[PDB]
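Just the one chain here, laid out as structure tokens, in the form deposited in one PDB entry.
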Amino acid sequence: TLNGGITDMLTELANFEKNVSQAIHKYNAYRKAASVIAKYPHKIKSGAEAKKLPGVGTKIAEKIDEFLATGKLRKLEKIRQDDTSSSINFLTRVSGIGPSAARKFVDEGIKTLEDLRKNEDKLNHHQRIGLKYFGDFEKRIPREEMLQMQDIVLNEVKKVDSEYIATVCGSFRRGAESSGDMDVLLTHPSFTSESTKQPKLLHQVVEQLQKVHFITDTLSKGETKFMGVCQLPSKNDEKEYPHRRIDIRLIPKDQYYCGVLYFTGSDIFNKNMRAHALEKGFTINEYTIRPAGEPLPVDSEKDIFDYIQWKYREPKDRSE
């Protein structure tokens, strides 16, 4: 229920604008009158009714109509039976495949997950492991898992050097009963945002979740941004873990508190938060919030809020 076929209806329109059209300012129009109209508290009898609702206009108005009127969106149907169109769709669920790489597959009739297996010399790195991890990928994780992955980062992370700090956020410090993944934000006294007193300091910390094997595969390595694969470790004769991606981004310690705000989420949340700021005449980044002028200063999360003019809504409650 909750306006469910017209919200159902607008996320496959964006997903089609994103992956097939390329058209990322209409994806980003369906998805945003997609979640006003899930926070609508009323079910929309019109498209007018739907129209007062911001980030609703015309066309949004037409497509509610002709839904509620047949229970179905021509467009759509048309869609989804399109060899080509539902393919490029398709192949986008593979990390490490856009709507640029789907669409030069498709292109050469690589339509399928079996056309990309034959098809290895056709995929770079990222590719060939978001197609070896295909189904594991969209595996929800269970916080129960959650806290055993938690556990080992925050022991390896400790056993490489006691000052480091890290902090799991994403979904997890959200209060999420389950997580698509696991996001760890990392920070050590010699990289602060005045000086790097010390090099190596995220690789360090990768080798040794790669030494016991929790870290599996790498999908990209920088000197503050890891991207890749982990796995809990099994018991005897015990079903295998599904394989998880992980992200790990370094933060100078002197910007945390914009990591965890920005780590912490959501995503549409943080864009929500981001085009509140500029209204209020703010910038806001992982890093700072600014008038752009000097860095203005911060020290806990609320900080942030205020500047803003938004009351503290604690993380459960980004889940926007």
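Numbering follows the first chain given and starts at 1. First, how it differs from the form deposited in another entry.
The two rigid parts rotate relative to each other between the two forms, and of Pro252, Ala34, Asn89, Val205 only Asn89 lies at the hinge.
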Given for the second form:
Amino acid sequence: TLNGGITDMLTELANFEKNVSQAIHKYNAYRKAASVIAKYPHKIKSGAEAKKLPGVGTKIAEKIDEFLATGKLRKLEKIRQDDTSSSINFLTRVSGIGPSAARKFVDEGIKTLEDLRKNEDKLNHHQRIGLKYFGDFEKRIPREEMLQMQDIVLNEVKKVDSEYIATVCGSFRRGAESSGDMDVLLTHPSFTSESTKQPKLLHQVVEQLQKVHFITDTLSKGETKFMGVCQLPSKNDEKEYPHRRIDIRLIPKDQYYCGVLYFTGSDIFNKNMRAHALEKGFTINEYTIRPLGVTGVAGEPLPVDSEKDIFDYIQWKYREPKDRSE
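If the one shown is the form deposited in one PDB entry, what is the structure of the form deposited in another entry?
The next block holds one chain only.
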């Protein structure tokens, strides 16, 4: 990556603002700048040069000049030495522990992996599982393993009901060589925006995957979204594969394109595209794209028959999944 030092700096700042400062808009600002810089095809020579890019402002330009000149950022150097900031940042690496719980734990004297392990009864279910698999959840998933996981999920889903369609989204669908977790969009013709003609549609699928020992734990689960843990089977004498995060989202079948647009991401691409939609007088979620009335109230869902239809409404040329890794 041409500007890796700068993008790392901005990502670290973003994480600080999110985890410690609890300043969600500064977090988003920093990530937006990191992302636009990441795709810039030149090795940046100055803050001024960077400031030409949408999302990079005066303050980031100044940090960029400091970083280019010295290879570091004093602001970050100090943050890295601050024990409370260090502690809070670490604790938030556990799935289920956010900025608030992290600060609360540090208040109570719980601030290391050892502290967490001996205070399991101070954790909710989600946090308990995040702790259990702390190491595993920070590992990436090789695309080769994602393919094996895809094969199991698609085949087991088929065994439940041949009418289900499961689609692997997230970075996998963007063609990444490695993924952070597995994202599965699920549809069934019994569940549309007009009616739910069959209950337990998501449950049946979760059950089957648990039955074949693919899903190993559950972080949360409702009628349309499952958030849990899974694991590839290993062969005789073979070391086990790491446990992996899996998210499954059941989406009304007639709203598949908005759903797959959403679940394909990236997250920054979605924020950027949805913000552009608003500027264009539309609102996009995982279900529909709707016009904004003169008052700002969302109108009725617009007809959508492809991902491209959505791009057309907001006057964007189509971008294939592989070009949405912002």
